[PDB]
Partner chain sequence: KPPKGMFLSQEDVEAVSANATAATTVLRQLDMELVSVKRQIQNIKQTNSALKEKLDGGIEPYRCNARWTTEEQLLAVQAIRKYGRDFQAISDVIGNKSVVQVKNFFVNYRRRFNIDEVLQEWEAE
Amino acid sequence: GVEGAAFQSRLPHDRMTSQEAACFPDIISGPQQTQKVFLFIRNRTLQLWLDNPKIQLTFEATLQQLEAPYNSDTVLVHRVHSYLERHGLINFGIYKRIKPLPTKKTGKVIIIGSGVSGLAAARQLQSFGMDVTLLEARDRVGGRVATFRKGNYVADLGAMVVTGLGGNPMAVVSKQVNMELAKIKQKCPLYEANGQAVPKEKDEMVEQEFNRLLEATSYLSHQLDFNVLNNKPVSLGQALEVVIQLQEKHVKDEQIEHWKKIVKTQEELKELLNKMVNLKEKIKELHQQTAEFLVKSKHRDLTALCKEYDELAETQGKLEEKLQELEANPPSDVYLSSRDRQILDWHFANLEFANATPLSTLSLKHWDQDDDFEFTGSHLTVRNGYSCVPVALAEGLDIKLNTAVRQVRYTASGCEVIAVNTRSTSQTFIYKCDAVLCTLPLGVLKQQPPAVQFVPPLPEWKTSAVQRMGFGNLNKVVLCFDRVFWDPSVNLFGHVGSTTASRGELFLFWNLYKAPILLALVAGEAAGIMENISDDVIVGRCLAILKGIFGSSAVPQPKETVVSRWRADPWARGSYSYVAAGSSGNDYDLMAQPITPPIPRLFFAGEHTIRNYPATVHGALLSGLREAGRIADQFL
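Could you show the structure of this chain alone, in the form deposited without its partner chain?
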């Protein structure tokens, strides 16, 4: 009940956060009874909002719907409601305001970028009564939430998955926007380059081996401190190669030991056969041989030698048996055959997809630093088209499209943002504001010849973080057919590449859209390179793979096709951040920190500024809410 609202808000139900201790020092330093009352007021307020997030939750309503003991204490209820509303925990997203916004606005903020982070922060600042203007370079909102819509076909070229609802703010948004979320079936048969499926035994064996290898790299990093080598940071790819080499060495060693067991037994057989030949000489000589006493003696001796031979013949058979078993029970010659390595490279490509970067670039120590904060519940696709979310957030906002920022000026007095119209470069716009919120992607901030100049130039710590962090890349190919020729009960199926270098080329296909749309993925080293290929050629290669899997006659020519090129997109310059070898979690926090030339003037939000939820739409959303709170605290 009330316990669940705190979980849905990413908070502990029986504890107080660092932030709450800072804002409510009287309660933390006071008696624990007041703390329990505080926590119930907070949890109950969150439950009221989450039960019905389509309408603003007012202080008055909170008092009206509160329990009898706690509705008496109104000052505490107000303090709690104000705290939650400011930080974007109870009144965020699209909601029906019960009271219109005041005509008088108390501050001027220019927000660069109209992605989820920008739109969320703008909606919050508007909610708080500030004058907000968004500058967006594209001819559309959403940024890295891009939805292709033509005829009946709807497909996401950017963000496409809600990674669980338990604790996800996107849950609330989904109720506000009426997102059509659909579960993804966890079933992905693999098909080799020839088009024949990977049998279950091999699929399962390789997958088990992939998981074992990855856990091994984790052990090296954390237990053995294998993190710095020859004054260079260890990449995940490095560690994977180290682990693979150790396993290959174990195979060679076991094979060698078995070889030696066989040679020793073979040597024993050779020695025994020589011994037997000698005994046959002896027996054949004694056979050639009181005289009746002599006969009795010779026959006695001959039977003794013959029984002596019998013992050795039994032992001959027994050593022959041991040798035969060893000849028929060897260990594997190689750890991974060619086909084994290709299937394993498919799994590596899936990892490169998840992190939108080649594994040789991921920090071994920190590439999965955010795994502790992952959300509960089945992962979901957006059937309505993820663009439905930003478009809903944009309603009622002062958004200037086709306006590309080229300079940001910030001083102790105020700020200037200079922008150019992309449609006609000749006309230029100047916007004077109190504060600037930058949600420019990390790729755009990384641009060596800068697209946006800062006056004064950004400080050393900020620029160093921007250099250190990784900004990955990942691409999609949308194929729209008239009929479904694939298996509807599999949302995913893989294509195993021929080379380790190209393992990430069209390695994955989604058939998750209930309409006849197929989505082919380009991860790792292939992502950057294949942007330089024409769309007809990429689609021909996709068709070739699908023909190989289903029959050349079974796949028609597609009716519609679309290719994303996110690294070339000048407004993205990649897909989303990843934790590069040089970088760590603290760099994300550094991105989030604002700049002061006094009070702070330049603020930062976006996918690359939230430690615990990077590379995600919900992370963008939460960063937007966080910076809205920060700016409202500063200017109100």
Given for the second form:
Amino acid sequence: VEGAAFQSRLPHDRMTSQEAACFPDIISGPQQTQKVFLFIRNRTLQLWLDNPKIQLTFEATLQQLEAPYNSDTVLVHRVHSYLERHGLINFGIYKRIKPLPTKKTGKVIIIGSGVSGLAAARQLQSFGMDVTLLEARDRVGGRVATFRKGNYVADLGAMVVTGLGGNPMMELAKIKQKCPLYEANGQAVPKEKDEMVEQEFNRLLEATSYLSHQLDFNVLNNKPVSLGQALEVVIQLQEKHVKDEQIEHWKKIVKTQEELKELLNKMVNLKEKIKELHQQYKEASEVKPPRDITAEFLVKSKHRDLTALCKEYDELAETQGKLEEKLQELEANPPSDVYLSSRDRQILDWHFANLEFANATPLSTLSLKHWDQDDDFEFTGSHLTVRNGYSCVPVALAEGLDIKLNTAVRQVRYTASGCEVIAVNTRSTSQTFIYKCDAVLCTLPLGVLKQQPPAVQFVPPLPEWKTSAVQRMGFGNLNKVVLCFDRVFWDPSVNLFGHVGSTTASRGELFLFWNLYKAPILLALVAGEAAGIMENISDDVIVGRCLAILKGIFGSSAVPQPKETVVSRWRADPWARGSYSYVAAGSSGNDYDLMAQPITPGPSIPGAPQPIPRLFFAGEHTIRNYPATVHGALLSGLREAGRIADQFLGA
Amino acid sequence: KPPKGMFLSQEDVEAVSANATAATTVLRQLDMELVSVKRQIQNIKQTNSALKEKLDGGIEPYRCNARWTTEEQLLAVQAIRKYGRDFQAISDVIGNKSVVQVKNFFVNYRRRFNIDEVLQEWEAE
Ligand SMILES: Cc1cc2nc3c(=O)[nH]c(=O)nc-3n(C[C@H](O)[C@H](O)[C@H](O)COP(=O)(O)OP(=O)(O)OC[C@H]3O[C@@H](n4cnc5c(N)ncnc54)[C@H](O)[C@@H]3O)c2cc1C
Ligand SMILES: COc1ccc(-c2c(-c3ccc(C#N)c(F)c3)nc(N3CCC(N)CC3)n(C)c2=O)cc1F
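Hand over the structure of the form deposited with its partner chain bound; the form deposited without its partner chain is what we had up.
All chains and molecules follow, beginning with the one already shown.
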């Protein structure tokens, strides 16, 4: 039961803020009843999850509980209803048992038949509401978008399931997480190196986290600090401490050879002071043996004074020898010449491109403090790919539903009385449509909400607080090249392999190739600053640079001309205006929460009761904890559908 | 605290960011301090290498009984005016008297080789 709580992103042993607000009875009450609640919940979820291919009615739930549980049966019901409302059971595609409410209640216009839309639409329809979706495209699925010619199949948007471990989600495939790199020329990268740098990359990142949290380096010049800025600062400070070592060493060489100097002096000025004595002694020793005692003394005196200074010099002569090997050692323990080579900083640049890829933006742009706020909630499990094309999901969700394709929303009008959406035909701009509804669910991409002169007018205008969050948060970019061939010329044991770019400025450019699919297809990702530029570069040139890269790596004649090519231009695509959200410098994840707060119109006649809210938001860009994924969309949808039903069908 | 083998003082961060090129000022004025200290190293090696020349050859061409003769007693007294209390020197000079026999003599005669008077002379080095 408790790893069905986890499979539902819920704690098995505590009630959540959500549960608290729908069951204040139980959570303010005795600890015993909480356990009963929590059992019935965890169990109902387990039951749904065990067979989610078909509806779990209040009926079946009660039948398959035991013990003192189907004792209290308003509680089993209050719970089962709470779960189905918040889309924890009976969501997605399920064979209904009790067929749909005869006649419907309230009318909702959903803008977009992306996954956030479809998910909300199905829920709202399942609760007996009149739902119509308006989609500008000639298809469903939005940023889920699968190319399909012959047996060729390639996703141009989402292609990964980053974990099934508590993920609300068709043929999935593990990723062999072994990725060989290939410098500009074609030369693989010795595993020796690949590991040096991946470790340096990993350390460089933790370094920025320390630099952020411990050292509190998040502002600098009023302007806040990008992950980029922090990484450069860290790398500079590493370069500096290379030199700080280089110095303190070549400096403890000098200190040592100004001891050899000070001593080679004493040792010269003894050779001399000893030459004298040995003269003076030869001389005194002329005066021959029948001699008086003042001259036997002068002989003997000298002879003493001379075997004294001879020992003293031999003592300084082993000291000479120590100081001389001590030095010959240090002269052959040079510390590291450099922090990283050039070939190194170029492979580091690829590890940074891989980061620019996932986050779909230049690290210039990521919040140092907050880029990774979503990180505690990554799922558990193997990261997978959809072999058969992700399109299967939108399409599957769409059937049942009232979807108007080629219907571009131009204006959204929301008043105390209700809403009208004004849309047009994309195939004649001129032909106009007016949808009147109780409530509008906006799943417009953040790209579109951001369009500098608007694609869509809100009447009245979205409040400061909303538009400010839209301005603040980042909407990135990430493009793909689909390479279709007659024959499997790469290494088929290998899922993905990197290309290392010449410069920093080009680390994004066809930096990584995926083999995912049944057909002979290679995916080439453009990430970072590259993603944005290549959109303004002819299809042919791009497929050029692809084949170039591939011929250098594989042999100039194993690499055919391609049967079919596609190239994403998501920033230029006006129904997306980019790939997905990122927490920009000076944004936080709070903005994801503002993005999801619905809008409540002013009163129609002044001094009339407070209205009902009318304008609701879902989409990738509206879910703090699962931004920039399909699941996050899917959830934002289920969520809004609940918030809307709680209003227009009562809580 | 910083991951192993990264270096980040509160101090150094403030200092490599305090303007828009503190960055590559700091890196260079070390690059430059480095060549200075390499140049000092060559100079002090040349200087040292000369003195090893001056030392060529080294110093190679430059190396008991308890009955006191009168010869021996007079060698002692003189050794005293020129070694004060260095019984090892005095014994080395006299040739054939342990460092004790010196110290003894040093008292036995003391009165009649004016040895106090001898030692206040040796005071004046
Ligand atoms: C290249 C790329 C790769 C990705 N890879 C992955 C990945 O591997 N795994 C993963 O989990 N996530 C991935 N994502 C994220 C995932 O694709 C999105 O988070 C999700 O598909 C978007 O859900 P949504 O319903 O919020 O948006 P959308 O799919 O954008 O839905 C919004 C809909 O509104 C429509 N629309 C826009 N303007 C108008 C208008 N004026 N009138 C009417 N309709 C309009 C659009 O055409 C679209 O159908 C990727 C995204 C991209 C771009
Ligand atoms: C092995 O290959 C993988 C490569 C990338 C991820 C990954 C992705 C992601 C992003 C874009 C694509 C595409 N195309 C993708 F396939 C995956 N997107 C995200 N992000 C989640 C958090 C958000 N802020 C941004 C997207 N993350 C974290 C990822 O780990 C997972 C993998 F298994």
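Residue numbers count along the first chain shown, from 1. In this text, rigid core is short for the largest set of C-alphas that superpose within 1.5 Å between two forms.
- No residue in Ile184, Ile98, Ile283, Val455 other than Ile283 shows a CA shift of 2 angstroms or more between these two forms after fitting the rigid core.
- Hinge angle between these two forms, smaller rigid part versus larger, from C-alpha superposition: 11 degrees.
- Once the two forms are overlaid on the core, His258 shows a Cα shift of 2.4 Å between these two forms.
- In the rigid-core superposition between these two forms, residue position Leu305 carries a C-alpha shift of 9.0 Å.
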